[PDB]
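A single chain comes next, written as structure tokens; it is the form deposited in one PDB entry.
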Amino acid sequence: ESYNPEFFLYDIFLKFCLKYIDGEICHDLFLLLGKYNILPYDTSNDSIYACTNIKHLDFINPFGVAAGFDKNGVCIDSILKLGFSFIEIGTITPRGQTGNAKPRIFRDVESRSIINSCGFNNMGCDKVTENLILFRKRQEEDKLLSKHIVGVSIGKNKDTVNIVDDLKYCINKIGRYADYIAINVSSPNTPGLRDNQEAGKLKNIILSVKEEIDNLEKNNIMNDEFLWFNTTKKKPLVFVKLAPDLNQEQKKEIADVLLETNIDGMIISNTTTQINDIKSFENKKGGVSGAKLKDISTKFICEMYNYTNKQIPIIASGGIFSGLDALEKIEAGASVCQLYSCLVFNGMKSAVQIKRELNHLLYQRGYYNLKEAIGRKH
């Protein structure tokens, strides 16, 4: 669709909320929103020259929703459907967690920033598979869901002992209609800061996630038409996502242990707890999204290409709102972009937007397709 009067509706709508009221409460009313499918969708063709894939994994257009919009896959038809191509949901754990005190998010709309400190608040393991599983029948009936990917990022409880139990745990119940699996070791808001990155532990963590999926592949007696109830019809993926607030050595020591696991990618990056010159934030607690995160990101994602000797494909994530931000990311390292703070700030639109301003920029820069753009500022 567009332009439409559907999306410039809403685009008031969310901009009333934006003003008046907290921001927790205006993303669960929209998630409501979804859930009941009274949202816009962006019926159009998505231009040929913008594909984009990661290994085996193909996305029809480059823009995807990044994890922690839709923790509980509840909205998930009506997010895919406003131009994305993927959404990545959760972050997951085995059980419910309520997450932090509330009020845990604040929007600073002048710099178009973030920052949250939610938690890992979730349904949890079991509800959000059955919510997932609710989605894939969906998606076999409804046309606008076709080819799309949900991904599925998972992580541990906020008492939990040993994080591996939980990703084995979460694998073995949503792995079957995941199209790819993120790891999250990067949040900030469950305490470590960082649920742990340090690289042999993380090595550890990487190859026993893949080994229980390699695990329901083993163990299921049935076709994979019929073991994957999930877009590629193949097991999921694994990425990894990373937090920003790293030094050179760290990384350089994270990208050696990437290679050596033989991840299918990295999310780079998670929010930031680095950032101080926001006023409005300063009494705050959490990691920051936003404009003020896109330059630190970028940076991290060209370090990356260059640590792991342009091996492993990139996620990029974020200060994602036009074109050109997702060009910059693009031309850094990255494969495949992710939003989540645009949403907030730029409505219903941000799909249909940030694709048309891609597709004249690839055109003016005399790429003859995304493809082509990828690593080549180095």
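Numbering follows the first chain given and starts at 1. Definition used throughout: the rigid core is the maximal C-alpha set that superposes within 1.5 Å between two forms. What changes on going to the form deposited in another entry:
- For the listed set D256, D165, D142, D126, the sole C-alpha moving 2 Å or more between the two forms on a rigid core superposition is that of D142.
- Positional change of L9 between the two forms reaches 2 Å or more at the C-alpha, relative to the superposed core.
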Contents of the next structure:
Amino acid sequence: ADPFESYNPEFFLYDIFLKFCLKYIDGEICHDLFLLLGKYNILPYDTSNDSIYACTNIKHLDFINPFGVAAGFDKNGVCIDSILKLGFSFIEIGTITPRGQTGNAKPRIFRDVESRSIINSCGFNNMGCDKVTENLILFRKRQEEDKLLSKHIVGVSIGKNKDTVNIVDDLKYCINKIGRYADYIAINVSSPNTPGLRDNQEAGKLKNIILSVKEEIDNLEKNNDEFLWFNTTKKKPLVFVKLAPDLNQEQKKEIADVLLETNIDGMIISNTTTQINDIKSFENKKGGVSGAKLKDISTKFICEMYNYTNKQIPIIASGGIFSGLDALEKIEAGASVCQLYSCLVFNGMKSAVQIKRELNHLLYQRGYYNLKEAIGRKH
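What's the form deposited in another entry like, now that we've got the form deposited in one PDB entry?
For this one, just the chain is written down, with no partner chains and no other molecules.
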């Protein structure tokens, strides 16, 4: 790769520019710059063939590798192709809302490189469900003819507009608009930047929310020369819920009962935390903290929810995953698949290539024939 050197995610120039943007350019602008490269398909891409021993699954959802991009990175779904070709097996676009939303005031993203941490208070900035659907549709039809993308998974994370009273109405609008094109739906009741939306994790309220979302998905069949499931699975999307790590033991057991009763297909553990207060540069800043100081939080949350749901609900891990050994901790804690965010910010384009390679060697060194043999083995 002499001419192709510019498209290798590990090409040394990419971290020179990464270290520059981390040091000089506002975080949200660096994010927008990244999406601009993706939008015109001049992001580097991963040529590795993924190890068949490291694929994983949540029911009929078949991931070619265990790493995807967490929600909030391509909120509007404007360069799905490009980000996936970095080496990821799925992406969760969103969170989207019915009507487009400005978000909270700027700046709303701040970083601490020494500790590999992010704080943010974006407040569900997104273009709206109508526009994001059109973006996803255009990816789906490019997928119609592209063999390298035909097995990649796309989830959609849905939430409420800031000035909306009952969240069920807003989730319903999004499922009827975008549900037919998603391989799974993420219900976002975790976020800390929308006033009083983490109160929807009370067992009573969360139960009604899940049942509504399921009801609306099953009603899309008996509600209309067109393929109903315009996605990868070709089945109705699975329903996940993304949980906030700031709950006590009792709330966790109550939520576990609901996710068993309602027959949810998975849980995303976890969103950002408000409980970190030992980052000096985040002194006067507001919002939820992600990244390396979240890993131990998120992982112990995985073990409890794996235990409280009797290993019945598959887990998507999120929180402080940078290395292959970070990933193995999540998997051994109960997670079937992992989600990177702060790893892209601080490690850059190479994040999928590096972590897949590291985890492959780790699984062999620990004696696991494949990845599914490792799930929940620390228990």
